[PDB]
Amino acid sequence: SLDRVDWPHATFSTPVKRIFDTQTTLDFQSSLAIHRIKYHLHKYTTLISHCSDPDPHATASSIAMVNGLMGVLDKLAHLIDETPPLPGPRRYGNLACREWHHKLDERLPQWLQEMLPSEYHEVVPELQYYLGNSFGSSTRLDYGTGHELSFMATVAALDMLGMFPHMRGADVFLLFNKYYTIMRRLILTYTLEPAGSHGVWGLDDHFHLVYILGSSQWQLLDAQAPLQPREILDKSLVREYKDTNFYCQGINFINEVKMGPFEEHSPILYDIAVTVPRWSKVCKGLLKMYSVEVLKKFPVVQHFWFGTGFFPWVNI
Amino acid sequence: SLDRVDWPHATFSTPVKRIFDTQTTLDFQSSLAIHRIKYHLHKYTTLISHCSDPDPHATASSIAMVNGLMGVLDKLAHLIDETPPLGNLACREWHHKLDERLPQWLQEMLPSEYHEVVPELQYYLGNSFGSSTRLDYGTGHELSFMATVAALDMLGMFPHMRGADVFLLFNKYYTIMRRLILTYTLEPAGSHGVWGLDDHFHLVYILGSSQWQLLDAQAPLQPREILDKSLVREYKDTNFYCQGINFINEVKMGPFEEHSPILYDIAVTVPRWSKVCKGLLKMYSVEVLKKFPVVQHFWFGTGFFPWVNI
Amino acid sequence: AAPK
Amino acid sequence: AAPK
Ligand SMILES: [Cl-]
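Same order as they appear, the protein sequences are chains A, B, C and D. Throughout the first sequence, residue numbering follows the numbering used here, covering 1 to 316 in sequence. Throughout the second sequence, residue numbering follows the numbering used here, covering 1001 to 1310 in sequence. Throughout the third sequence, residue numbering follows the numbering used here, covering 2001 to 2004 in sequence. Throughout the fourth sequence, residue numbering follows the numbering used here, covering 3001 to 3004 in sequence.
This is chain A alone, in the form it adopts within the complex:
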């Protein structure tokens, strides 16, 4: 079923490689793992379009778990401070990064231990994996659509356990906002290379989900939306909304990092801005894109690993 791991009677183990080559990425297209992924992505998109107008200063859900997953992001956020980067050329993966991940791989299992109540700890090895793989590559010193995909996966797992009763778009907004805060900070500090990047022939170097989320938020208002897709092209306005909206937050981040005229370096986002008249279109289109440009492409999905609990490699 696409939505609730059959807790109790369903067993967990360490997830493992399954995507290997071209066919293996395709069999994956029909797996139970994927139908869960696509499902939770739909939900969080649908939800988030309730939150056009999030609380930029929000701090906690009313759901216990969004508050734990909040606080654990918090702990691995404190980790960057404890891991000053290495001097030298701002050009590739900065080496300090291996270290941070060593520290992570050390207290994560502890921090999820505390986070889930007793009865659940037998879920950690599976959970560990996904959260753990959310923040970039352990040894390539990169980060891209594949890990962002892993974080959504973490949450969908926690969700699949039924620990987000009545989760409003504001809870999705809140967890991802911390998530992107952290990933924005990691990419810049560890000076990380893109993974699965399709160059100038892709949406964005590291993200895709941000945009499917941002776009969703203004979906329901399109004409009465504080900005039009045309307008994200205006550095000043994007700034104005970069707290309330993921799409501005995305675009703001490209804009900060990348040096030329926007149209030359982010040609797809440019075309979108200039070609899709309204946000509901962008989101429909950016979802269609996701399921081609991430879910079906190997450089991007091969490090999705499957357990037996949350995201099984069984058929349909």
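No wet-lab data here; the hints were simulated from the structure. Even for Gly, the Cβ is constructed at its ideal location relative to N, Cα and C. Relax, there's no trap hidden among the hints.
So the derived list for chain B, only partly shown, Cβ under 10 Å to chain D, looks like this:
(1) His1192
(2) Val1194
(3) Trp1195
(4) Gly1196
(5) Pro1261
(6) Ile1262
(7) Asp1265
(8) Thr1269
To be clear about the criterion: a stretch of chain A counts as covered by chain D if any three or more of its residues have a C-beta under 8 Å from a C-beta of chain D, and this derived list gives those stretches:
(9) 19-31
(10) 288-302
For chain A, the structure is supplied; the task is to place chains B, C and D with the ligand on it using the hints.
Chains B, C and D with the ligand in isolation, oriented as in the chain A frame:
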């Protein structure tokens, strides 16, 4: 003709943007300029397959212009030494001095009966080093280099050019490039990422394969052996491919199969160099010459690379 | 010929 | 699915 320029009767003017969109990238495909590019592409490629084993501490060709141009590369190398970092903001600064001093340096490089040629040359070379303002390098800049050495060829500045010179020249050029990328922290200009051949270069690897192509099975390495870090290291002064793959090897951090899946694929798949070369050319015409993100910024004059039909 |  |  693909080969010469009507000197002195074709006229020369500051190049000027011509590729604008999908449409005009497809016209460009029938420009004199493109055939003049394809023509010298082949030339250097077959010449260099003559030179599997070049003198890695050669300094000077026996041709007048290849030392002159060597010397110009050298004059701007030096410019770097006097422009330290904090892409990297010290760099517009370097480009600024390149155009203050470069028309001048090509002044010395040619016979006084030639000065009419600079604005055009000036443009092509002075753009072989990545964008003034975008702070990137990519294969359109590499294609610019070739373009320049082709302008020179087209004024017949290079009689019975040998493989060994098409090395030497290029070998110097990349030496600077590896430097500019690291010292300036230049991003990849116009790239496919993982779905492309190299973040930054395509020609290194055509030349690279040419060289070993004639001897393929008796080549010091075979194409699968680029995947061994130390064998690659042995050859990197003497063979462009290894130099290419060496560069990747010292800059990109994970497994090679993972970060340069395309070069991997080649190496695990294409049995002999001549075929690797054959592929990379076919692929240079799709992936570089027919891709607008990549050629947009190749501007056209009236004299060397003119924007006209056939 | 161009990304869109 | 995978570059070649
Ligand atoms: Cl390593």
